[PDB]
Amino acid sequence: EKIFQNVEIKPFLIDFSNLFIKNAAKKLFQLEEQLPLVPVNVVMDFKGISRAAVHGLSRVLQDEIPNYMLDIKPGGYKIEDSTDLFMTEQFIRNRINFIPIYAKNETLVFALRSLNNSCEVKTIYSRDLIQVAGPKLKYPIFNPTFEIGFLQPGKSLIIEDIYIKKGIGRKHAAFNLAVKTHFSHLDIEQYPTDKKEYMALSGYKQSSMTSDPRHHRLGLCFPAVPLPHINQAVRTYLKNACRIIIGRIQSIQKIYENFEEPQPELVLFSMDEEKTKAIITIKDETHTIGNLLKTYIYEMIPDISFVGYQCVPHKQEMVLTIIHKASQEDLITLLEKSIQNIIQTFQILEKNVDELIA
Amino acid sequence: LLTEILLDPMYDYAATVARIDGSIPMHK
Amino acid sequence: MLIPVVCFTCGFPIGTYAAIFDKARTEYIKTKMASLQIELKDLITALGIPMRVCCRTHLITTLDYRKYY
Ligand SMILES: [Zn+2]
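Chains as they are written, first to last, in the deposited numbering: chain C, 2 to 359; chain I, 677 to 704; chain H, 1 to 33, 45 to 80.
Looking at chain C on its own, in the form it has when it is part of the complex:
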């Protein structure tokens, strides 16, 4: 069998058949065709994989995957004395941070130099972001239709250092990559929710407490990928999500394999009834990793005494507690095998991603 089954990639496109849309497009942007970067809705089918792994991939693609945004270097926004009094640096910085960019190079630096030498309110569009850094853009990284602030008559706006910054969307939401559009379990029967007696329920026939779904359909939307290269961009995004998950799991694996040597991430107590308690404390870790670890440890040790994790919003850490009727090294090797199971599952996911999209 194969885990990640066939994918459905359908970009979002401007329907020029609508007269108003085409008229407006040609009137203000002189636009007659599809934009260079379009949002793509990627709907995926997953079979024979636990809900924790699919949701972890979704969460990573949402905000835990590294991503690029346009930021202004401090001192970039020329305070000056002619600049528009309404277009504050904070406002324009917020506008520019959230312009989705498909940047393959970090060295690109843009400059915004717009002057309103007329009596009308001039609107600064994303097409006004001219680029002066390194390689000339063979293909644009952002759409030229974004509305940046307007200029009052006689006013200007000069921002000279607009560079590309790397980060994850969990820390700053301007790095969020994939927006959720669908999530369902295909192996759980659903009630007809349009009925009155089942309208207050979720719809699934199995209670979430007693349900263990293995067949899921996951739908995600990526906000801007190049139009001619949609499939390769989707492949890269999914493969990078799998790589990120594997890398973090391996970071946990190092703490596991250092179990005899002292370390404050992992402690071990043999409490009363031959049971050994392992507490794994990792800082700046999300529910994705803790949920993956809990689910796979529980799958590998069905008779476990207790496995649980908690990412308290404060203390900004993931604390995973395992209690088992086994000695310290037996428990450690069970946990190592469970991590190897996680790595195997996500490597198989990357293999399927390579096989499918192409």
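None of these hints come from the bench; they were simulated from the model. Wrong hints could be hidden among the right ones.
What the hints assert, rightly or not - Under 10 Å between C-beta atoms, here's a sample of chain I residues computed to sit facing chain C:
(1) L678
(2) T679
(3) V693
(4) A694
(5) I696
(6) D697
(7) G698
(8) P701
(9) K704
Each residue gets a CB set at the ideal place from its N, CA and C atoms; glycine is no exception.
Please arrange chains I and H with the ligand on chain C, whose structure you already have, making use of the hints.
Chains I and H with the ligand only, in chain C's frame:
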């Protein structure tokens, strides 16, 4: 004297219409 | 002051089509006209915005500072 005129609002109006025509440099 | 570059709730880039939507909506007023006699579902779908409650909510309701100043 300048602080009496530079904070006078009609000077900003007079300045901003000179910038539109280009009679004065855009900056200060 | 403007339609946000991305939808606040989910982050879909509605700012891509915000400029087109503004004038398309205006032209759609001129053929229908005291608040909102219109339905903008067809205009929004034509731009490629999905059937998302958040994105349509923030696209059609966000005030523009140019209209009021
Ligand atoms: Zn939205």
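* To do: May I ask which of the numbered hints given earlier this structure violates, with the numbers listed in increasing order?
  => Structure breaks hints 1 and 2.
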